[PDB]
Every structure is written in C-alpha cells, then in structure tokens.
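Shown here is one chain on its own, the form deposited without ligand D53, set out as structure tokens.
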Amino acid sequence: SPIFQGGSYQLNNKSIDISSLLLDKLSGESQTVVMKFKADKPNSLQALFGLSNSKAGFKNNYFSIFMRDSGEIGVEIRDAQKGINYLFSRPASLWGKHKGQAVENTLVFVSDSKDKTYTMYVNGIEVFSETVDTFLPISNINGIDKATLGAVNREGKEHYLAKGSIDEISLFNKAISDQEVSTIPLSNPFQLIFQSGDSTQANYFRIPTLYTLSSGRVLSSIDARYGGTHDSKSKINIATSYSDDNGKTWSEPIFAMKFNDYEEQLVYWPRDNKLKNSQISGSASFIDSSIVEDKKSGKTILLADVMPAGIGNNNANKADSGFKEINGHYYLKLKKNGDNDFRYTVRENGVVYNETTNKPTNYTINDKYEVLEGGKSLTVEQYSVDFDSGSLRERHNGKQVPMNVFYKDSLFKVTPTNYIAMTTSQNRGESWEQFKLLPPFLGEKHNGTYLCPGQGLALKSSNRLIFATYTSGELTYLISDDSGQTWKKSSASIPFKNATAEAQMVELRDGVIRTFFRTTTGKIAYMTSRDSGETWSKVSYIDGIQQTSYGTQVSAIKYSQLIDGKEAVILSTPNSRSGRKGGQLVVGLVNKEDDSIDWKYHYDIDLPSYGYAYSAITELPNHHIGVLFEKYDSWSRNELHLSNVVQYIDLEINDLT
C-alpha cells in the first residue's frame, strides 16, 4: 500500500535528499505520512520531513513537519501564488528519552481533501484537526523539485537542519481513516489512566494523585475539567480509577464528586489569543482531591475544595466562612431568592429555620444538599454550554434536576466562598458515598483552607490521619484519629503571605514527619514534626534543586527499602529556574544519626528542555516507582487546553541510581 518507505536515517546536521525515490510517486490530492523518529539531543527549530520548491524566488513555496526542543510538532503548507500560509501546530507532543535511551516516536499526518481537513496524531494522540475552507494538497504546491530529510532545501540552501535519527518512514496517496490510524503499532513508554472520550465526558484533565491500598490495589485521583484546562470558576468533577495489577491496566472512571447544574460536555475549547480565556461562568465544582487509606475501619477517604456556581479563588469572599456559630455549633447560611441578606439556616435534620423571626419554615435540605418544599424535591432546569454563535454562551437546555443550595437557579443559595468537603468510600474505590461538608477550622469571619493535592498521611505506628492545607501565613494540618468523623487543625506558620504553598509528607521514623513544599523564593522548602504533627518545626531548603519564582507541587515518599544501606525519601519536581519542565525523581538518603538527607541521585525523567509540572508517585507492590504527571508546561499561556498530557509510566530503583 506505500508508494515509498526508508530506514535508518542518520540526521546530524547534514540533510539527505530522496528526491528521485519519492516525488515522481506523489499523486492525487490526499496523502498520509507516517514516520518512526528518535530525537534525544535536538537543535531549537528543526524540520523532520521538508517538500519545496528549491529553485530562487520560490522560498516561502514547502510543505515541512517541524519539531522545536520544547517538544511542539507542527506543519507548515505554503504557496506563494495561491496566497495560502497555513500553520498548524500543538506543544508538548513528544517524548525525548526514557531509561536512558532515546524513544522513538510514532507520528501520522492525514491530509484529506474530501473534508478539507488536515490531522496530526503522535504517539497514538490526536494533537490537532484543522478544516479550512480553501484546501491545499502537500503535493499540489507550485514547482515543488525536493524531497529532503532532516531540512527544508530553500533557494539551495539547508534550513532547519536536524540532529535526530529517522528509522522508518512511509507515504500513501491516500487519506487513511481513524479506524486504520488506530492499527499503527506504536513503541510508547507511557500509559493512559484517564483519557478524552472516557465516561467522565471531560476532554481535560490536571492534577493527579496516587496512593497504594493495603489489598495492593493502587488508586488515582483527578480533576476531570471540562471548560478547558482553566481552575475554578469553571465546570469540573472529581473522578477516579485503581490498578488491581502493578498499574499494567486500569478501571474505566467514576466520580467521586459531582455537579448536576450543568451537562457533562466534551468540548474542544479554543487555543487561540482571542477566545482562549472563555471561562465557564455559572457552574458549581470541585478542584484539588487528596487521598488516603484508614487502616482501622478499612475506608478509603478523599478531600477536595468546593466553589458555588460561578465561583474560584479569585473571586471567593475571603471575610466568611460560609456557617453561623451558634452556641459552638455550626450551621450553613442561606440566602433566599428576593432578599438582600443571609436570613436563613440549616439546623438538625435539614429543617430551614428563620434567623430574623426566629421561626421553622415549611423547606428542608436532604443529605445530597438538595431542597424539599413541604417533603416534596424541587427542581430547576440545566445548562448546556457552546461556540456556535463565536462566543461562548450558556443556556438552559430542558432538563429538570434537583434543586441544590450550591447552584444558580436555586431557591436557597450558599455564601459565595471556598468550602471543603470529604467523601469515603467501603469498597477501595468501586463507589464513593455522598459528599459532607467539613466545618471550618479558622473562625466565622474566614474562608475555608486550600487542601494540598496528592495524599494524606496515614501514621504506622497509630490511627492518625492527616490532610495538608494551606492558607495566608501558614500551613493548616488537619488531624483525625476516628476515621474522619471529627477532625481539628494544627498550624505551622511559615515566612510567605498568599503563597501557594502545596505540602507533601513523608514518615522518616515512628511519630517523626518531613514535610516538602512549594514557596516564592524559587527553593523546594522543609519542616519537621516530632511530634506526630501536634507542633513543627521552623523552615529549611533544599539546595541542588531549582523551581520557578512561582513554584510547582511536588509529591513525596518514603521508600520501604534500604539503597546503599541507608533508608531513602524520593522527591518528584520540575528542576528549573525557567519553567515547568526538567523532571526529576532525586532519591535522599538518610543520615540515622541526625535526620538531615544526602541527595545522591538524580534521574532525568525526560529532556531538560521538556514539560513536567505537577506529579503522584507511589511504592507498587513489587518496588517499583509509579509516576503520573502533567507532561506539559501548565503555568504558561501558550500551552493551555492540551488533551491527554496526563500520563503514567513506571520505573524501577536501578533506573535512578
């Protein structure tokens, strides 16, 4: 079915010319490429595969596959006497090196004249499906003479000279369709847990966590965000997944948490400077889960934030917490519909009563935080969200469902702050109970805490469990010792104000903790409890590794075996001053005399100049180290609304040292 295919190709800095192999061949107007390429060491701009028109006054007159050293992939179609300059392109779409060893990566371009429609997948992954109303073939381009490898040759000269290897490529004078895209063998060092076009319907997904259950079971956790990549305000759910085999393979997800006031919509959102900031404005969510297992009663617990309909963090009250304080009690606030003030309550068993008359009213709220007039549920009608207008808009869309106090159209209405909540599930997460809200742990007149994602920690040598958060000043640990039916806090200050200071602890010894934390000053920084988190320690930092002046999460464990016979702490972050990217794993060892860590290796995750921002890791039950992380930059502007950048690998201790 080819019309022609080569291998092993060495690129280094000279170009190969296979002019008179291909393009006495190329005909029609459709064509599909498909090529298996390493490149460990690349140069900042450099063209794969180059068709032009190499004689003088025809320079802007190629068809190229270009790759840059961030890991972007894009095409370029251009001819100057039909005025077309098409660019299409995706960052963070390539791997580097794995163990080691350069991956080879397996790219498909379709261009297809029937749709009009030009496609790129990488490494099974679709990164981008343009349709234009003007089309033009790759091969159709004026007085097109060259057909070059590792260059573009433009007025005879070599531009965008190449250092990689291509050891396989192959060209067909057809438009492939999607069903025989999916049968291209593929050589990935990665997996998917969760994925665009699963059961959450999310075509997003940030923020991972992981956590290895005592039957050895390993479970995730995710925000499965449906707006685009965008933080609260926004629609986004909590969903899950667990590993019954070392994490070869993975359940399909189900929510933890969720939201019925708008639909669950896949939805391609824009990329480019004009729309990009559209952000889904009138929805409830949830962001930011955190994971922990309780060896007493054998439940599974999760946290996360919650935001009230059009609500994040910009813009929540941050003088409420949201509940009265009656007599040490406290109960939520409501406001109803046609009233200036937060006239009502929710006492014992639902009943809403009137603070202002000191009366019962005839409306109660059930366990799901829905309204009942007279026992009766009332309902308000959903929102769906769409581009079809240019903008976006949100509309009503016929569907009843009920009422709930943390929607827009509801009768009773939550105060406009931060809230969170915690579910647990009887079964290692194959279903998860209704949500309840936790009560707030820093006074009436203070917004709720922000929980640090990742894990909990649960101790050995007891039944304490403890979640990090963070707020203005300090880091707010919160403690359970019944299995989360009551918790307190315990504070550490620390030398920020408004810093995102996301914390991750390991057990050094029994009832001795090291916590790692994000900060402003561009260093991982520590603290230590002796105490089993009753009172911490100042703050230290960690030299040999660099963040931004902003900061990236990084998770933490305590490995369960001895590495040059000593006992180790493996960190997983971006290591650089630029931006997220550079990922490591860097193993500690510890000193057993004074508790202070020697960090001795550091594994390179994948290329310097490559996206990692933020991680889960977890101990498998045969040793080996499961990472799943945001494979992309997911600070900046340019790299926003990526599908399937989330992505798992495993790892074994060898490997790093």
Given for the second form:
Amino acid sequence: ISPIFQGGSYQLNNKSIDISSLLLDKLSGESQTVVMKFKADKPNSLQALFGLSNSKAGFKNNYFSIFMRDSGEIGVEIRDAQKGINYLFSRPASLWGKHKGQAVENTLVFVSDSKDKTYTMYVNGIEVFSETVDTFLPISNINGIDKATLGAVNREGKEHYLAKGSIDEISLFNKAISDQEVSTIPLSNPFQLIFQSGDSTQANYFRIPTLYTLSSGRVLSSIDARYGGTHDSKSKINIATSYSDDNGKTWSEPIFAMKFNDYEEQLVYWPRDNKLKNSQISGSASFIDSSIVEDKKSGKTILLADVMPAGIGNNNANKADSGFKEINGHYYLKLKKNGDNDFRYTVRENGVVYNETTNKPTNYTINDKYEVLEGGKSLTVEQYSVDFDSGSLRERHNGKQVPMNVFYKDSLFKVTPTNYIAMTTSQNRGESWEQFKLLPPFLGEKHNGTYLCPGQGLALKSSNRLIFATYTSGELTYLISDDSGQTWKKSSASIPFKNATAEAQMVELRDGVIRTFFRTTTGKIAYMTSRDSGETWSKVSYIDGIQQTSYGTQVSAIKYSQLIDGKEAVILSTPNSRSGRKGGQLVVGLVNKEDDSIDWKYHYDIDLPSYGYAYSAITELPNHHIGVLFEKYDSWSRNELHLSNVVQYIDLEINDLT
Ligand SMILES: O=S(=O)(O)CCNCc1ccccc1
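Form deposited without ligand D53 already given; the form solved in complex with ligand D53 follows:
Everything in the complex follows now, all chains and molecules, and the chain you saw is the first one.
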C-alpha cells in the first residue's frame, strides 16, 4: 500500500518540527508502519527522532516516541497513563554514525501490528527487536494525542529529548507491513554481513571474526558461531568459515570448520533481561577463538581453535592438567570411563583405548572424529536441545542419536575437563575442512594448554615457517612449524602480566623480523620483537597514542604491501577508548628503517567515538583495499549481550585512512 504521509529533508538542529497538521488526521486503524531514513553523526546523549504526544498539562506520560542514544541504541516508548501502559523496547548498538568521514543514512522500519499484538523494529535491514504484548497499545490510540513531532517529544508544551541530526525521508502507513515487504525497502548501508542470523550455521550470534587473504586471491573468514547467546564457553559454539572470490564484494554460504553434535544447532532468541541473560548452555562441548594461516609449500589452509569439553570454559578448565599422559617420550590423551573415579585410560596409536591400570588394550578405539567405537562399531549418544518454554533454561534429550564423542557429556569415555587446541586443514581453500586433530601439550604434563590468539597466524615470507601465537599465565607461547603444520614446537616469551588475556597478533616488518602486538591489563597495547623468525623475543614495550580499557580488547594487525609516504606501513585495528569497547580505529604506522620503530601517523575513525567496536579482523584485499570484519558493539558490556548481526564487514582504501 502507499503511505498516508511522506516527507523529507528535515534538519533537526536542537529544534523540533511540528507535523501535526500534516499527519494526525491521516492516522487511522490500530496498525501502523514508520519508515525513516535518517542521519545522526553528532547525536545528543538521548534524543527522539519522532514523537506522537498528548502535549496537554497533566498528560506528560502519554506519548509514543522513536528514540536513540549516543551509544547507538535505538528504541521506542509507548505510554498511556489512563490505560496504565508504559512500554519501552530497545536494542543497544543498532546504528551507524559515520563511514569514510560522511554521515551514514540509516534506514529504520518500525512495525506496530494490532492483530498479532507485536512491535518490531528493523534498522539497516536488521531486525533488532520484536516484542509481543498481552495488552496492545496502538501508537495513535494514546489518550488525547494532539502533536506529531520530529526531533523531540512535546510534553506539556515543552520539547523533551531534543535531537541533533536529519531525517531525509519519513513515511507512515496505516498497515503493519509484512517481514517480506520490509525486505524490499532499499538500504543505504555502509557495511555487509558475511555471517548472519538464519544462515547455514543456524547460530543467532557471532563473535571473534578473522580474515586472511589467500594466494589465489580468495579471502577467507572464520568466526565463532555462538548458539547460547554471545557467552564465551561454556556454551555451544562451532567454528564457521566463508570466503570471497571478488575482493570482499560477495561471500559464500558458511560451512563449518569445526563442529560438535552433542547439542542441536538451534537459532535461539537468548533472553536479555537481567534475571535470565546469564543463562548459559552448560552441558555442551564447544570450540572458541579461531586463527587462520596459509602454507605456501603445501598450498594448504590451516585453521586452529580452542576446544572445550562439555561444560568447560576458561574459568573452570583444570589449570593443573594438560589432559595428556607422557609415556616414555610421547603424549597420549587420557580418558575416564563411566563409573571410574580416576582416568585409567589413554588413547594410543591408531586410536586404541588402553587401560593404564592393567596395561592392557581394550576393545574400544577412537576414530579420526574423536568418536568412540567398540569392536569397530560406532557408539552413539542422544542429542540435547535447549529451550526457555518453562521460563528458565532447560537442556534436554531430543530423541536423536549422534556419534559418541570423547568431548561429550554423555560419552562412555571422557577427556580431562580442561582446554585444548585443535587444528584442521583445507586442500581447497575453505570449500571443505578435514576432521580436526588435537595439538600436543607444550608446557608439560601438569599444565593446562595455552589459549590460541584469535585472528591470523603468520606465514613468514622468506621461508616455510608458520607461527600461531597463543597465551597463558606469564607468557606468550608461540607455536612454530617448519613442516606445513605436521609438527610444532613452542617458543616462550615472558610478559610482565600474570593472568592477562594476552591476545597477540603478528606482522613481519622485514624478512625474519616479527613484531607482535598484544592485549594487556595496563590500558596500553604492548609489543615485542623477534629478529630470528620467532626463535627469541625482545622485552615488552607499549604503544602510546592508543588507549584501551583496563581489561583490554583483541587487536588485529597487518603489514601493508605498499609504501605510504615513502615508508613501510603497518596497520592496527582496535578500539581507542579507556572507557569501553568503542571508538574503533585503524591506526597507520610508518616504520623507521634505522631502528624498526613505528611512527603511528594516521588514526582513522571507523565510526563515532561513542559507538561500539570490539574484536576485529583486518586484511589487505588483493586489490590493495582493506577489508575489516569487526564486532560493532561492546562485547564486554553486560548491557549489550546477545545482539544479532553486529559482526559486520566494511571495505576501505588507504586514501580513506590518511
Ligand atoms: O571476554 S572477552 O575479552 O570478550 C573474550 C575472552 N575469551 C576468553 C576465552 C578463551 C577460550 C575459552 C573461554 C574463554
């Protein structure tokens, strides 16, 4: 249907615009849709874009508004004091402010549906909330509405929630338009989605993006496909990948690089209320924090990620146990059988389950998928699904049998409840992945494994050496392979932090010279340098000119192929804020060839200093543009958990940065 009202080119300069005479007598029936294209690159702390109100004395709580915050949050209020209704629906991190130094036109669609008693908000093609209520309040059925306002809400004759911005287009319809119709509305987005709710992963949430440019020109991305909200492990999380063959313009439907089947792959709307938001899937195995490298020699793509057995995360992982037993020079995965109090088994060569107590082999084997076989026959367990039907999180058997895996809760043989690192490879540049293999322990029998640094591994340009940074208490532990990832050794580098989440990413400044940038607990990004391809490492220094919070955020980094201002360039991606995960920047550093010091010369603001920016991935695309895949929200904040479609991709050119 056509709109009942359509207007545009409204400048909101801290002074509301009255459109009552144009709009109010057009509103009819109980269902409405608002479509608004607007910019706000300098918003006030809290501002209303659109209002319908009773402006009379004594009715200050009788209004409908669409409002936004300078955090990027969008919402509505629907209030009628006589009816005793005060609805407030919102979602943080729903907006864009600026892109390449120009105000972004956001496309907002709000649907108020009296038949289904549902209010739904979309911004930039993304559904940010949908709420059904028992008692529906039609937005123009508020008692005594007499004002329709842009850029404020008129309460008792005065302008509340004054806005700074512009409304380039606004249309209203006397209908609740369908989800289908909504998808036909043209967008002006500065970003793309690679992974998204409803795609092949069936995860409603994503965190921990990676990007890596392959020698063929294909660009590969990996990510945590997070099912149980945005919570870290313990949860259900798989590792998913997608690639682009056209410099990031289009992306393939995701596949899994690493997945477990003990719990169903469910798209769930995780509760965001204060009573339930900490609900966490507690009996599932998971993968978390992936990293990618390409090996020139074999041509293989290699992906590592952490592996968590059922119910395990970084807080409950046994720090005093590697999960392997050393038996005369070699490491074997330990197992515990149903009914035993101790781990009396190991997995030996060709997956043979061996009884340590009587030194006898059993009739059980572990296959390449870490599944349990008895006499060559596959054992199974019943799968779990999760629901909130009862008003709290329930995890329950769903009738489906899946192969019995030693990382599962229901398995006959169970691994040590600690954290592991696994590796998988692809021979077809991400079209398919092999079954993963566990890496051996590097810090001994009675030390839990290190944690992989998400993002990229490093393929040294002048050799066959591959390095993945990892972290643990008191050091970075670099994992080094010179044989296409068949065998690994560690190189340890002490850091002056205990229990830091020291997520580290590397750039090769010149042949054999590696600088590693890493997250600390000091509010400053740190770095160290190797001049012998990772064998030995310098002391730790800090970057001035960038701020992080006390808890820190992952930082991504690449060595740009082209000179900038006649110099070798490194590009860092990080939030720049001492307050939260916001104020995203790309920072271009120029290398001084005399001492390898870096002059951090240009800071490019990804979006507003107040808008969210957390973990990130950056890569030089084959056409020398820069691709950035990043968490566009505060992934630390307890107010911004469980948001969909906030991991987003943008394309930048060096000219945009400098
Ligand atoms: O809290 S955050 O800084 O956003 C993310 C930190 N994830 C650490 C982790 C790594 C591996 C397993 C569990 C937890």
